[PDB]
Amino acid sequence: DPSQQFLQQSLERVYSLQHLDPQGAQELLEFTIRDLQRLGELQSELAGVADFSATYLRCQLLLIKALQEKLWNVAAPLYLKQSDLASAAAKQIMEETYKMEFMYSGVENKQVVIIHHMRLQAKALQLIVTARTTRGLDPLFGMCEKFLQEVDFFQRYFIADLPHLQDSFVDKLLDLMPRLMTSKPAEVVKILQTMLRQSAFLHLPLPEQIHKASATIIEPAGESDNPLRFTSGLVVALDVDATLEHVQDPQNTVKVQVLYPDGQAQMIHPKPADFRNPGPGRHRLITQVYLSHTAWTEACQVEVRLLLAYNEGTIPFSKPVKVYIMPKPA
Amino acid sequence: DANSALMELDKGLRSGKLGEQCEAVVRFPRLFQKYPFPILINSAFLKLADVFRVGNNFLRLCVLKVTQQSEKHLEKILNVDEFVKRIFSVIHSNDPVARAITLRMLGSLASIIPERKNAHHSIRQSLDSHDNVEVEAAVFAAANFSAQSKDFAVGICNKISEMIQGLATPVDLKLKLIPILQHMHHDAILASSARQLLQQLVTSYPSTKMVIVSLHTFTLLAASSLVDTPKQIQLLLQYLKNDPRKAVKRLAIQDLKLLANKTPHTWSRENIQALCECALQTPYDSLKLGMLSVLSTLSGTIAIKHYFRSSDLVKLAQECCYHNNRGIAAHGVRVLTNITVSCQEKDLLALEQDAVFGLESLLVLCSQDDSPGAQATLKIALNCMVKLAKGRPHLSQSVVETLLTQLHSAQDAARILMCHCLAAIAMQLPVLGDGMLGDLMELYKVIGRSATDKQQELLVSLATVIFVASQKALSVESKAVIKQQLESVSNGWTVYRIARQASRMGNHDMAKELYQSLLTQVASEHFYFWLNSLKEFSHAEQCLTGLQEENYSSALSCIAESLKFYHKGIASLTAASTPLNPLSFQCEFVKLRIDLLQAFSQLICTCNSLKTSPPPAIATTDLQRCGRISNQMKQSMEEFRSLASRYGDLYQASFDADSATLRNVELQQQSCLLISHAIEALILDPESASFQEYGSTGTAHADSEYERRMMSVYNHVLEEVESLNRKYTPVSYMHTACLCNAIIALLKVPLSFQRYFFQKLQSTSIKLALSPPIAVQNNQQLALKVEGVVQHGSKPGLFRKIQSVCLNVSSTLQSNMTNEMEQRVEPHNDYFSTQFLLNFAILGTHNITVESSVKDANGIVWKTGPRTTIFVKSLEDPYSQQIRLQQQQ
Amino acid sequence: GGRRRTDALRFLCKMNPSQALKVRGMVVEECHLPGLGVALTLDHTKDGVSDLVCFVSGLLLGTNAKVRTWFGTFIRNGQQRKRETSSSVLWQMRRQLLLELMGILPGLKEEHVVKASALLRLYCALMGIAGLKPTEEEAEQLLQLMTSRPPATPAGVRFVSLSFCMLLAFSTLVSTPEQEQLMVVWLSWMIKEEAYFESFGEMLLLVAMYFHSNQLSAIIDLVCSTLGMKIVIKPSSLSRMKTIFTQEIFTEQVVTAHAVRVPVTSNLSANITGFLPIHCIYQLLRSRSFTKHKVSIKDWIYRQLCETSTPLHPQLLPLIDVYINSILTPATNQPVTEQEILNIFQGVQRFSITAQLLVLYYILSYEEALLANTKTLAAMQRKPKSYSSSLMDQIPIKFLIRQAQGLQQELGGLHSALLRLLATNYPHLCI
Amino acid sequence: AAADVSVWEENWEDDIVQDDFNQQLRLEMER
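Chains as they are written, first to last, in our numbering: chain L, 1 to 330; chain H, 331 to 1219; chain D, 1220 to 1650; chain U, 1651 to 1681.
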């Protein structure tokens, strides 16, 4: 079929053209990310594969953009925080790597090693960016030895997968392991930067079957309904119905977040009895989430969203909905 | 007020005379531009829809025109059901014209009502109507709804297919029906079925009109679906090569240009080879020009890297760059330049000089014509030369020599364009400036003797390259320029623009002279104050050009003189500030320039403070043993850190500024941070001096000579500090020597006034209307909604675009920051809205402040919008007050 | 305490004069001790105009309203400090400003006209916002400044406009007969002077018209817009102004005679601003002044309508409306002739599209008004001279309506009014 | 069928955007 052929062709095009200049490389990555997002929008079965690959390519694009910003960066005391987006890039790669690890199904270990390798790259980038700012030596030593411990744990866990990671960041890092162990933090940061820039883009082996974890809140619906009244101080129960697609263990992972119009946020852990399983890879969540707040002058709207949890930390995976509540006193 | 004007129109629509009603209806869109908030838009659209329901057909057409004009504001209607239902009631009229207008309105409203089943059924029923106007309106509405909703597209594709293939349909309606198929991209199987249908159409209806519409629709469908795009390119190349009709070939060229612009990465080597062969073996020049336009579009993208010896592309480009046709020559030389700068492969360096000589020959061809097509080709050639000078710097000398030789034998418009090219090349590579000064000065002398009308632009262009090309100051060239201005030029505007350029490149004595000359020419007093302030700033910057390398007393005197003139200038500039021209960036920029100069003066004083000896009581027991100088260095460090913070504040309050101005502000902030770091690492904390000054950029690609000078000063100061880290105790004269020398180095490079100091281009704002001396009960906490629209002037996203809006709300009592909360909201059609919840548990008076911030596409946060405040009078309710009083009593 | 602190800082700045203006900047930043700032700028001045004029003008007319209020309170409080004597720095800087007035007084020079303009605006700011009450000598030298003759440049036009607005606003500072004859002879010279092409006489005529029609609020708006500040004028003095103006200088006859010869603004548009001859002609036409004097402006209206540009001026449509109203109201102004507007539509002298649309708007509105005002004929059919059907057949109504629809936003309410007229009188063009 | 490109991308002479301040300054000081 043409969709799979196009997907494989685009990925091969990205992999082959890794000798380009940074501008050409990042514009090729942007083109391919846009193409994969559109292909995910069109096809249903290849939405998972397209979004998985596009997330990986977005991680790589953020990494190379941050390294070009580092090329734009200069000596440490002259560093400007407002104009830098490398730390934001590292955080974004962090959250996207979590997304590929957990928010997709059918992920074999051969993809988990690549996800963790990109995670290690993001941690190295965050370490380097922090070193660009911090004038303290003790915190720098602390984060440096933490990163080296993370590298060691990666080497321990994925020891059987290292031959598949030729010319990678972690491979070259493991080559010069004891020197990094016994070097000064500033020297470590410098060689880490140089090795990040010279690292090779690892191929992402596609799984045979993979689907994105999706959820659809359907019971509250649009805000055309009248506000829920008489809630001042006491509780109002909002019935939540949702269809969850391709979540193997939703009970321990799916959570319900409620965001009131103030900064307060509520986190809810539904019991397994709420989840129903009418079909394979297609759950049905029915439950009540209890909301309470003081009296309001005007009927504001409260945002209710479904999140996935991983182990800590959480990531949203459902479209937010809003419902109006008028907690009138009496 | 919004509602007053809306009533003013409403009495117009209620008059009953058709003229007044139509007048009001077409007066509506200006109201939306004045008041883009959903309350007015909602009420306006409801009454417009009522008038549509009851009005005659001409009024309905006026309402349709208004709806088409205001497709941005219809996301803000909110009350969609009533509006649409009272619009939709006219589809049941027996009048086919009224039905057609209703169908066109539904097509115009398709974005806010997709998946509306009654509308879908109306389109389907009107498609097989017997009234041609109704059928055309149904086709238009079907196009819109297929663009919006997937279910309508899948439900309509079969019917559209049967009407197109149906023998009873005329050819004109078949033409009108084919572009519906470009919206069948919602699903892979739907797109494949549409592709098959379009293939059947091109093979079975090979008329010029029908094949053109079908191929264009197939191209758009392939672009939207981007899975059939390779074989769509192959099909277009097949039609380009085989079909003999010039119109079909021209369409194929346009479609391939569209695909090259959209998806250059999907082009294979075989596709580019086929296109090159087609360009090679075609006899017609217009078609060849079209294919070379496609190939020049491709060469500027990554498709050139995918294409890679002497191939058909290089052979074609070399053949085309010596063509008689100027457009073909421009496209060929653009392809050659793109290959040369993008591909550093050493197998194709023989065409490096072919590119240079082709550009030079194209200069000779385009210089004398002074025609708009020739001017366009000349602009293309000069852009290519600028790109080639950047990409291959060893060719810069030959490019500059060609431009200089061609300057003496070119028309005035051509001379202006090559002056722009020379300015670009000399801004990026200032080493070539010295080699071009003689020719430029000679041409400036000969132009100024007979400068009548068009030479004013030539004069400012020539002065711009003179100032840009001059790495150092001017002594005799300055005299020549002043003489040329004073001899003939009564045009004050020319003098002002040349002075602007002089202050841009730091030639502040010339700028001072010209601004002094420009006084008494203006009529308005605020412009007089503005020019006087510019003259004083130029004088102030000229004052500190006479800084000796080690003379600190001379430095202190020069900074004092500069500060005197700067204070005169800022008083004048404040006098020049007016409403709707506040000069806020200029005022803040020169205020931060007045600071960091008196901070420099204080640091010069503290250099000399070391000569006033420390006390003996403190001298008997590490940094306190220094005495007063230690605390003074601490104060100076804090002052410079605060100055860097203020420069950053100016940076992120300059969302509308061009990139060069922002880089200038960054340089000033970095100079502040450099002085602060030097003070810290030499006096206050040498043990915590952190890592070495390992410049990640190294040989950074500076965009101006001011950038190069600033970074060179920074690197030299950091090298000096690093070599002096722990070599001396903080009582040292060498630390003060290094600091004072850093002051000298920073000040000896003249300040550059950038574009935003003079020209404001983007001018984006926020309206920020928020729902309201307002009484709030103690128990009931306020529900505050803030709505805002981002405003623009002319081209909205000239430098950057708003990605999201951050709304920070804070509450200060007794008008202190008791209600911090933020909400990043994405403005959809330049409009955002959100609700806030504000606690007022503590009784009293509360000052609510809301400050809009802008997060651009990259992610940088800008503090743009107004910090508008409202005051809230929070009082305990009578019920709780009475109950507590009774309980206590 | 404040006096001793100010004196101490004054001595400190005398010891370090290079940093005196830095201390003045600190004063305006911290926003207290304004007398210290004034004294520092005075000791600094002790060419341009002066640091004093720049400093106090920026203080009273800057964007910062807190500084404006603070300095206004300073001026008010200092004014009560014995009403004289050099004890307060207020009188010192007042004497310095008066000395500058002597400096720029003479025919005014080409170089001093802009300085005079800035000084005059500063005095306006003082007596209007800061509540300064001038002394007799200050008022005398102000009047000596206003009545000067600049050398007919745009700066001269601006200076004369500002001086005229000062006289209109602060008319209490004349208060004497010799200054009254000085200002009336200056006004007569200003009337005689009409080479100011290269917007002053329009203002003079407009204020005369407003005086005749008792549109005092219009005069205050004109003065506030020209000066660039909000001032309360206490219009009893404006009533004294109206008496002298109307009875001695500007009768209706001289107003009409000078206005009918006023030129037409070439390339008219909403972009060019300020008070323009179109405003003058509109004001007379609304006051019904020409039928009282039997003088034609049909040529003027037609010539102005040919000299319009795309960002339509907001006064063209009311001008055409009141002109049509003037035609059909008794004797009356003559409407434009057949050949006069056939030249407009001779193509399709290439006239601008906005000129064509204004002439079309005038024609359709004229026909509508003729149908609506058949009661006031009182003559033969050729007196109103309803337009011939042949000329109407020559006019491309639909083409111009489509063109106007193509330029909706640039033409203001012209497109809407044209569509109104089309839907009212041409339903066959509304199919 | 054409496209526009600028020779110098920080040239201050381009009239792509016209702002009010420079407009009145030009109209006020050009001869």
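None of these hints come from the bench; they were simulated from the model.
Cβ atoms here follow ideal geometry from the backbone N, Cα and C, with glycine treated the same way.
Any given hint could be a false lead.
With a straight-line cut-off of 30 Å between C-alpha atoms, the simulated DSS-like cross-links for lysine-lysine are [unchecked claim]: (1) H:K377 to L:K81; (2) D:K1233 to H:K377; (3) H:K506 to D:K1617; (4) D:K1233 to D:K1301; (5) L:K91 to H:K1185.
Negatives, chain H to chain D, calculated, CB over 10 Å [claimed, not checked]: (6) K775; (7) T904; (8) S943; (9) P1016.
We went through each hint and held it up to the structure:
1. For the suggested pair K377 of chain H and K81 of chain L, the alpha carbons sit about 51 Å apart, so the restraint of at most 30 Å is broken.
2. Distance restraint check for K1233 of chain D and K377 of chain H: the Cα-Cα separation of roughly 72 Å exceeds the 30 Å cut-off, and the hinted pair is therefore not satisfied.
3. With a C-alpha separation of about 27 Å, the suggested pairing of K506 of chain H with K1617 of chain D holds against the 30 Å cut-off.
4. Taking the CA atoms of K1233 of chain D and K1301 of chain D, the gap is near 27 Å; set against the 30 Å cutoff, the hint holds.
5. For the suggested pair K91 of chain L and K1185 of chain H, the alpha carbons sit about 17 Å apart, so the restraint of at most 30 Å is met.
6. The non-interface label for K775 of chain H is consistent with chain D: the shortest C-beta to C-beta separation is roughly 30 Å, beyond 10 Å.
7. Residue-level check failed: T904 of chain H sits 3 Å from the nearest beta carbon of chain D, not beyond 10 Å.
8. Here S943 of chain H stays apart from chain D, with its beta-carbon at least about 22 Å from theirs, past the 10 Å limit.
9. Interface exclusion of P1016 of chain H from chain D stands, the closest Cβ pair being 32 Å apart, more than 10 Å.
Checked against the numbered hints above, the structure violates hints 1, 2, 7; every other hint is satisfied.
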